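Coming up is one lone chain in structure tokens, specifically the form deposited in one PDB entry.
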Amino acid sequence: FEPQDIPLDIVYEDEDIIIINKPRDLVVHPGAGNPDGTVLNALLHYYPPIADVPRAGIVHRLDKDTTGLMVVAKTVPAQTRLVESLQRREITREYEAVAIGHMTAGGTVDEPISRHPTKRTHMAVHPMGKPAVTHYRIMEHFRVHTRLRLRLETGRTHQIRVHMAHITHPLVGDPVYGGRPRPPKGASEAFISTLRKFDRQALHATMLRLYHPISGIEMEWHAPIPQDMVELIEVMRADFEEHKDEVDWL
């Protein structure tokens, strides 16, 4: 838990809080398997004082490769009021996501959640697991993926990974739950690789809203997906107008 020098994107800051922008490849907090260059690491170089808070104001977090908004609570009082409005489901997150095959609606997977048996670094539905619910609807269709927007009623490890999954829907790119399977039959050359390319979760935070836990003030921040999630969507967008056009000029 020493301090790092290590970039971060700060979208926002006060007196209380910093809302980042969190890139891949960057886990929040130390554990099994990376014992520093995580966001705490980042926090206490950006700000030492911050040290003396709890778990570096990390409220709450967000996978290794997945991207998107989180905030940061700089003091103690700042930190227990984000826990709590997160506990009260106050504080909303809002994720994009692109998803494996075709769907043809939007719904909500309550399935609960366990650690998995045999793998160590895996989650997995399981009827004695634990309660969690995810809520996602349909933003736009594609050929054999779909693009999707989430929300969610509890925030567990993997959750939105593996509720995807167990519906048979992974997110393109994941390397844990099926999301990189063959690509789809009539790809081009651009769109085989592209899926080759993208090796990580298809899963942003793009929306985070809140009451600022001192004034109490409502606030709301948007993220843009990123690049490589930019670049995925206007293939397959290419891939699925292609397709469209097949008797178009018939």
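Rigid core: the largest C-alpha set superposing within 1.5 Å between the two forms. Residue numbers count along the first chain shown, from 1. Compared with the form deposited in another entry:
- If you fit the rigid core between the two forms, you'll see the Cα of residue 77 move by less than 2 angstroms.
- Relative to the superposed core, residue 130 undergoes a Cα shift of 2 Å or more between the two forms.
- Core-superposed comparison between the two forms: the Cα of residue 173 travels less than 2 Å.
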Given for the second form:
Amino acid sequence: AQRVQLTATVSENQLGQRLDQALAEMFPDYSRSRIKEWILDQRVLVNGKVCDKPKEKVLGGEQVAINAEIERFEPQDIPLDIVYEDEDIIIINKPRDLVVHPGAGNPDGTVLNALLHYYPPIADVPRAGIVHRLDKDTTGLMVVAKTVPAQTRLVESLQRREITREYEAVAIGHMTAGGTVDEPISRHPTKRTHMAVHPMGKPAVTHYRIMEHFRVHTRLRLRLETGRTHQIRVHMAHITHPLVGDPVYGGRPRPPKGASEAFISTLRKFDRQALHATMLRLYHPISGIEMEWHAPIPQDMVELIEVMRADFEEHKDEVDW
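For comparison with the form deposited in one PDB entry, please write out the form deposited in another entry.
Shown next is a single chain and nothing more.
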């Protein structure tokens, strides 16, 4: 546990603040509740005297002294599909049902826990060398830094927009043209599950091109300039082409008129955003040599795309036999 020793004097305009509130302002490196625990446990002196009432009001000019002490994520046996690894980086093909980094609702079971198990020295790299995210139910490529120099350099490459991250997706609706969504993204004001386009969000740019038309769906490839939470899903939804199977931004599946039983079945069962990180291209953070990796389209999407393709081709003739 780490020994904490801190001194300061309450500023005159802090007159009337609670002891815990005033200490929080003087020492913002330490959480509010932490400071409260320190006070109650007789670890704060005020003018050479122990003061243990967190609610007690300061006057300004009080000399404060604290003498206290302090005290991460666990490795988990979770298999990873490693596409490429060298001394500096790892490229993984992430399956669905796998969160990248611990957060609210997912304390563990994540790619980060998996990395801590596979290569324990990665604990010395910020966020276990994870430099960009994929959603839990998005499949495909991620690059991960194994070392501190590699991580710093990959982060610089992202800031300078020198990493290409391409995805393949199936979107709802007929789309006429490729283009760009450049709309900032924030947390949704009222729906805690959602992100949203919002003037006060973080700037976000997605480029998209049409690979193939289906009857009431469209296959896309996208390239990101930024990697905000849910960026593709929310941008595609914003322009009224939410991703097939998206459980948050999509609505009820709408099959086209006269869709086969197999088409209707495949479409209704598809229970994740039809979204896959398909290609990554970067300058190696150590050698600066240009490199490119591909993750094959997963079977779930292959079946979805083939059914939609057979449907579109069939209904380009008066054929029903």
